[PDB]
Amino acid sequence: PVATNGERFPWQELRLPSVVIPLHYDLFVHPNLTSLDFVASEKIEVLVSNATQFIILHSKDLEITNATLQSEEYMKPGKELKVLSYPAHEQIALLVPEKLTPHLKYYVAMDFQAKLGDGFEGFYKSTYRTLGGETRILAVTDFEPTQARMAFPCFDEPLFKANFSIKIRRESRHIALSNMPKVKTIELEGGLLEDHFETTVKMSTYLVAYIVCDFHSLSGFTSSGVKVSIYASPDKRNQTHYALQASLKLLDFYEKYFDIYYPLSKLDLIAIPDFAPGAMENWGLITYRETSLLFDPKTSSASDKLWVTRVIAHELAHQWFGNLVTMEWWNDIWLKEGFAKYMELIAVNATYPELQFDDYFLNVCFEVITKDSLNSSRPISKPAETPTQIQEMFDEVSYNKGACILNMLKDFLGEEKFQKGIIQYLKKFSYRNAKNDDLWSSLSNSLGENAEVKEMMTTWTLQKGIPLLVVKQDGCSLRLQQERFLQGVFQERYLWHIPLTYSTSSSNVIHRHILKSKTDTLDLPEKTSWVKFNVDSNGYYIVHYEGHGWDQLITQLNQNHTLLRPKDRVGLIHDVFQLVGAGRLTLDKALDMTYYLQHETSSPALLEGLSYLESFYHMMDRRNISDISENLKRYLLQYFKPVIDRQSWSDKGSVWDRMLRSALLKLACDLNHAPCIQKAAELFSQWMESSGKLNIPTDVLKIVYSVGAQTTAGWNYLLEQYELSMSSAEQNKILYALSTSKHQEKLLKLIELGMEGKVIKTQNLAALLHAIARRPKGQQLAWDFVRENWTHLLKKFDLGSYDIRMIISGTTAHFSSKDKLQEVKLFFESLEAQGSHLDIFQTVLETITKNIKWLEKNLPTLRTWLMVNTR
């Protein structure tokens, strides 16, 4: 069953056969950054197991021109092979003239060439702007999951590990980096230089990497002698300082924490200009977006600092979770991505406790629950096959839900027993691969009535959705049922092994009960006012207090809120508003709970609460529901006047202090509070008049620019300043500010530039569209554009890239009318070209219907509740 030139093709599965295992790759690459193409050769030391007529391996968009097979027994230098190509599985078959012999080592050699990548995949070209306005080319790799094969032919599944010796030829004006450090640089006849790189460790193909560029570094050494260097564009070297400092502290932490040294002499962190993902964990050569790594204190803010620290810690943790211990197959991608996200917490809490990152980790878990509460959610670990359905595994479920469900398990086993379990996991499967079950046996065993942790996690990993815990308190006995939590019912299948954590009014001691059933009972050792299940919200479930249970907790908040823990509070605020969407509580209960927030000073809770009230304002503003929006404006500005007026247009104070400032000054300026608009307007006007000279504090930088962008003069100068900027973070904030214009031609212009890709890089287009679509003046525009340019979009990105998923989601999911639901339905059916299908078509439809339902069921309550206040 087969093509191309002619005949049958030996192997039919899209997975490779087990029979021939690579041990080592010699790989020579000769890129040309004027021609924008490359020539290359490799030699794959392979080991046969079963006898065979055909070697099979991956290759894509590669012209193969010579293919020889040598041996050491057998047939010494050396015989030629025939190449069959089968693009539909991205495979090529090497036909041999002789049934190869078991247990012997051969050498597969091919010459191959291709144009440098045109997109964000395989070995591609990126560009950057010099301070002088020069444009400069570099070449870079991104192979995850399956684009190693676009750069050199190989056994491109992450189970087929091997050693890699890379050689790279280059002009004198460039450097070459790769996974390993550079052993030597030999000069050649014609003036060109060639760099030789230490042979790698055993590793998967998706992590192999190499770059050619004219970047400058800053370097440092960890206590363990590792040479960390931070590579970036030449005129951006000042911005590499924080990343160096942090990575140093972080690698020290990770080394000790895991009790496993980082194996390589060096670890490079490079800031690539055209970079689709946030970062990529390429062993010893970690590639990052400039916003994931660079930092300029004149222009990056607290949040940016927190983000850069977070991604650095994420990618450094990958060096152990992923690279050192790789998953067997892409179905279990979370073992890498989830653990890496979890370790951000542990590592950043340890190295940078001033950042208060653990309060922010709750945020990330809650934002998961929001998407995980629909029918069309999926498990963190489900099977995967085709080139599309592997790319579908890359999102936030396999990632954040992963990290939260791990964070739960830390709490249930304690930091010390959890740590010891992953130390053994890492050591037991070092330089090797591991399944889901291999992790659980490692965490249970660390005699003997059993931790049977497998059973507990089978239900959190391989099963969809999230539990709701309902509790009734009749005097001194507690009723406990569990249900699947959905966002529209009145579920017939599911059941979790959910550890529980309750506290009471009587004492603040944490008692623990587990559970492995639909129903259960537990009596408390006291009569008491309230119970609060899920302490600090370290579990990944939602609590509903049926009977008077909710009302007690709200009267507790209004009386003396500090008798609940500050994380206990954010949990309750969250849960209440979600249960309104569930139809288990009524909106007035939720809105009444927001009264205490004029006394709340824990910014976690205060920001959470405000986010719901701001969320409602924006729902109302996008629909033209003026009477409610104008009331909700007025409520937010009068209630919360004290805390708004207490805010300095400054960079002063803690991290949460600075984030609260940015939030509240944004809210005030988004709701047209004349004092905040006039201050912002002054700061911008002084700035533009001085021509970049004055300094807007970084925490009000978005606010000042966005207000400034309402005048035509300001918008045009901001777009100009965008192109000249040397901070990708300032640029980010400028792009937001530009996308808050009311002028339709201006919003379109931004989209057109983002298509064009020269001034506003294409990597920013999805976020840009979503920025526009969020607002009432651009929600239609953005929608029209995405439909009318679907073909035009799908040249620039493949579906289902993260980029395409966020273009669909970001232009549609905020809709909340029956009309627009139909428009989206229509458009989604229309895409039964190859288009249909993606999982995100369903989840958008369910998201829009959720908004339809929420409005019909709760809007008149929101209207009256606001009118009750005004009296």
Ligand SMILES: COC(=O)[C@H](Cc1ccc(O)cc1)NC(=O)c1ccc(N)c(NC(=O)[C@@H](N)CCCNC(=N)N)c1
Contents of the next structure:
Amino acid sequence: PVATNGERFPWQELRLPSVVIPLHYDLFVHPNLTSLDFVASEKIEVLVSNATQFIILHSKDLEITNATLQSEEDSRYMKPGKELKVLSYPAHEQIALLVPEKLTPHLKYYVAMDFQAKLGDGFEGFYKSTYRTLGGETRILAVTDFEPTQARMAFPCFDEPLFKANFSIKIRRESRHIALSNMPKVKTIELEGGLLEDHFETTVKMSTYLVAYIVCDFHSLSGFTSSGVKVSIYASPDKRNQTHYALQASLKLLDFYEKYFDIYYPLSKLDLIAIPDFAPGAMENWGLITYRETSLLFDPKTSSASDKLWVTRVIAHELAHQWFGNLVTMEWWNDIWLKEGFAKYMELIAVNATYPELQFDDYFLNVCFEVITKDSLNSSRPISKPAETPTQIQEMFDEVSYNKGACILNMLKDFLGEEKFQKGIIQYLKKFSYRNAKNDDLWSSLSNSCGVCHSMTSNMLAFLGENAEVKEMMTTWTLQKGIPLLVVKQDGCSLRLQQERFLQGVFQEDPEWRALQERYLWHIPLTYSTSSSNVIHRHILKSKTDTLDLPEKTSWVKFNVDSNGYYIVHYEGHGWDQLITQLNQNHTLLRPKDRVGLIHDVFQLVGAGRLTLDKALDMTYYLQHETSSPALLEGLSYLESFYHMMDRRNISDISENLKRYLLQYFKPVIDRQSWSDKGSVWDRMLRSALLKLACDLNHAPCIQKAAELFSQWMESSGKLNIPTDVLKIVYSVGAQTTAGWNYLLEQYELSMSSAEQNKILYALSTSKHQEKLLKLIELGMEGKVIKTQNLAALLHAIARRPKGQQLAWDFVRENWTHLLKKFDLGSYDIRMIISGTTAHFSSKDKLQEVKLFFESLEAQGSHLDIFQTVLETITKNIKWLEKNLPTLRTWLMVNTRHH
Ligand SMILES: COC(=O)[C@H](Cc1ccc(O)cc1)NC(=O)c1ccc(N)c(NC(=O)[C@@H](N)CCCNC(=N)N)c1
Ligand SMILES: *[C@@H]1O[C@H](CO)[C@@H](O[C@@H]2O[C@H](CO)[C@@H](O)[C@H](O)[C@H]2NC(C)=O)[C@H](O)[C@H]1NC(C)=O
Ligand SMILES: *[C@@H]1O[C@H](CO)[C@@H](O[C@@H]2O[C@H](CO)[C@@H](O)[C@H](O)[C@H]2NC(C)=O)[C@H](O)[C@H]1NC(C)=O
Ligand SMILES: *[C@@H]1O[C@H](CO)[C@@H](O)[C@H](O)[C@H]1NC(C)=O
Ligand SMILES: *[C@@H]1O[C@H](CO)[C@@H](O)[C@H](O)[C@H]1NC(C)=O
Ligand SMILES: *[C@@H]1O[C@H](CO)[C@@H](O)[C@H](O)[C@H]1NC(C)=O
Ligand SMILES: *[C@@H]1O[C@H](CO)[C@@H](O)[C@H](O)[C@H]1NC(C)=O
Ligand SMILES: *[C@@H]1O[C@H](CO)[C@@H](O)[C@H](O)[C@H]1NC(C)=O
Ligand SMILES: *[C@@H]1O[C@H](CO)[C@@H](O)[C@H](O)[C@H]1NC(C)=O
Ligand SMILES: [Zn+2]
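Okay, that one was the form solved without the named molecule. Can I see the form solved in complex with the named molecule too?
Let's see the whole complex now, leading with the same chain.
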């Protein structure tokens, strides 16, 4: 089990021996931003338990040049000797430190190494980033990104979340630079040559993936919380203005989270720094949180209502991690959702609490719908499943871990109620502070929520029974893949309930469907309301089938009130008809989230072949009266979806009819829109949606409006200004001339708004010229004018639209090698590049090609779950078209007639 020039490597597991156990690291790093590298060294106070000949820990791409043990309890290693022999098994990113004489139980020793390496050159470990100044200058910073397994690319350690420890960090630097790390700075000291050296307050107990340090020359804005925590928003100097909103919201939000969890944030300061080159959206390192400029920065003149909602959200996400993830940490990456689902969920609670005007409560169903898409394919996974290779650990970062997790926690809250939930949370956070937990601990804590507690009455047995229930439930949502379908049959006053595993591109008669129905069973906290009583009823379906006896007995029944539950409902008989009828005469007699869920569920059942397209399309008629935007837009998103799908083949008869129905219907609401930023958030959102829809449908009035604004813009040389909500429409419209497009690219290079840049680069990719599009990709790869962290989204933008899906696929296939040199296999970048270029395919031809490309990609050694997922998805598409394309042709053709 062995290499690196001979000799046995003592340990043979991917995991680390749990014999050694570190407690404290003294970490000294000295990076040079001219030579672009670092020398550095460390001192790890370990505590041996079992006695041992060897000590094992992680390292990767670090050159180790000195190694010593040293102890204060075990005399044989009294100061300062002795030297250790260094054994390096790379294929498990491990090293072995060879001790001269077996170590002694219950004695603390001290492992010391000097190591060096070059500054990294992509998104992980300790890497180089650059930024442009308003002057046109290029500057360099050096930043860490360790999650999940790249701490070890920076300093050797016990690089698994369970080994928490205290960290002590010194950084040496010039004086053009400052130096940030997790904790605040205790001491700066002047050195002989002239260099400075920073000393940071030893951290609390914490995991390696959270360790951080930066050497830049940024500016900040600071402020203090209630509890007297110092918050600072760092950014490169010319963008300090754009840090205001982040300061405001982070403040309100840390205030909130302290209250809600009833735990103070422990560190004295909290920094939020906007890194120019940054792969994920943000990384939540304790006290030093990193962000993509677009996750943090904000500027009234160019970023939009939606942008503000995004920034709020990400800031809400990262702070929640400080408790959910940083304070309490998952025991191992199998339960990453413990961190990531709670943080996603706590987005909703906190932003609603602190910023209800952002109206973010309405938006959160999208979070849940989005997962159902993948969770309804066979290739899905359970929320919590095993993982080992770093590439698998990187794969756990996906809608299941995030959205689905958040979603069932939203289910569970509706069950137990806010006050109970909050209690259970607060307990979990307290009982596990400064250490770790696993799936089961959360349930136990959340189930055993709070007389009874804590110092023998009736209904006190119901509590410990109801508790065991609540735990028994959630176990099934975390270890079972997919989402359940609840079928409801109305029979006078008898409602019968069937439970099924919702599949898609798989029909109830199809040969495969019945094997895929396996042992799947859920405890589904059902809810419902009736046309006769808006009073909400609740019942736990713990089995394959069951029956409820309705009082009054009335027109329709509505299961999943407001969609708080992770299930889809079907209506056999006349339910779907009753409901669409009710939807058509007094839709107001149906709750808005019930509407948003019906429109969702309806179209999702055409997917399963448990309804035909013409029912769905016949529901959308009521949209002309529909006034709640969440519902108007969900509906509108389906027809728009269709159109784009048609357009992607030549299906011009269907597309042109879709276009016509879209402009004809909805013409009233399309026409009330201002080319302004006025109104609510959902008001502003609705505006951009329609105006975009219109401008994509060549509705020549709105193309003229846009092309005017663009012109006024380009002639005034930036002086004349375009409202944010309309900014992307206008830019894309202008981008059709080689003149506008030329101007736009040039304006991209000079902009200081990361959000304007975003909007421009979208506009640039709505060019019809093959030549244009390709250049973008090239520039993207090169990574000087357009940062490579934007490559994936870019390809996806391009591939998305007719003139580009070919070019995209072509490029990805022909460049797989180069792409990998830029991103981990591995990365969300590669995942999004693969599926963004293939998953919209809907032809047997394209499916053929994709199956090959992935086939190829296995041996050479490359396996990613996303391969099968894509396949299943293109399949669903083919099967969708063939099983409903004619119905769409017909429904539309029927519509041109009456009336
Ligand atoms: C461009 O990345 C995105 O926009 C992300 C990526 C992602 C997409 C789908 C998904 O299911 C999970 C993650 N999408 C999200 O919904 C998201 C929004 C805000 C965040 N702060 C985050 N990330 C976090 O809190 C961190 N734990 C990130 C891991 C750090 N990575 C690293 N060290 N290599 C994610
Ligand atoms: C990084 O290395 C550079 C060498 O390129 C150091 O800069 C030199 O510093 C010495 C004394 O501080 C000067 O006499 C040289 O003239 C400098 N060279 C240049 C090109 O400016 C720099 O100090 C190092 N920084 C760190 C943090 O180690
Ligand atoms: C390592 O971290 C812990 C915190 O995780 C440090 O502090 C102890 O933490 C508890 C828990 O909050 C506090 O109540 C104690 O007051 C802390 N100890 C003391 C002595 O005050 C611990 O001190 C850290 N170790 C080092 C060497 O700094
Ligand atoms: C040493 O660790 C083993 C497991 O690795 C454990 O079973 C044993 O109890 C420990 N030794 C002693 C003497 O306790
Ligand atoms: C920020 O913008 C305001 C005008 O809105 C201006 O007065 C101020 O000087 C700007 N600050 C920086 C650092 O650009
Ligand atoms: C949003 O906040 C309001 C009060 O601000 C509260 O009544 C409501 O329950 C919250 N919604 C959610 C989904 O938490
Ligand atoms: C569905 O998934 C299971 C396990 O993930 C697998 O064994 C089976 O082959 C899959 N079914 C199809 C049709 O691919
Ligand atoms: C039905 O719709 C009408 C539309 O004018 C509305 O006035 C009425 O309030 C609705 N029904 C009920 C019971 O409120
Ligand atoms: C289909 O569209 C392509 C371009 O996408 C065009 O060149 C071709 O002529 C069209 N074919 C038919 C039969 O309409
Ligand atoms: Zn997160």
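Positions refer to the first chain, counted from 1. Rigid core here is just the name for the largest C-alpha set that superposes within 1.5 Å across the two forms.
Undergrad: Superpose on the rigid core and name the single residue from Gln53, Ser817, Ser836, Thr65 whose Cα moves by 2 angstroms or more between the two forms.
TA: Spelled out, the residue whose C-alpha shifts by 2 Å or more is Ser836.
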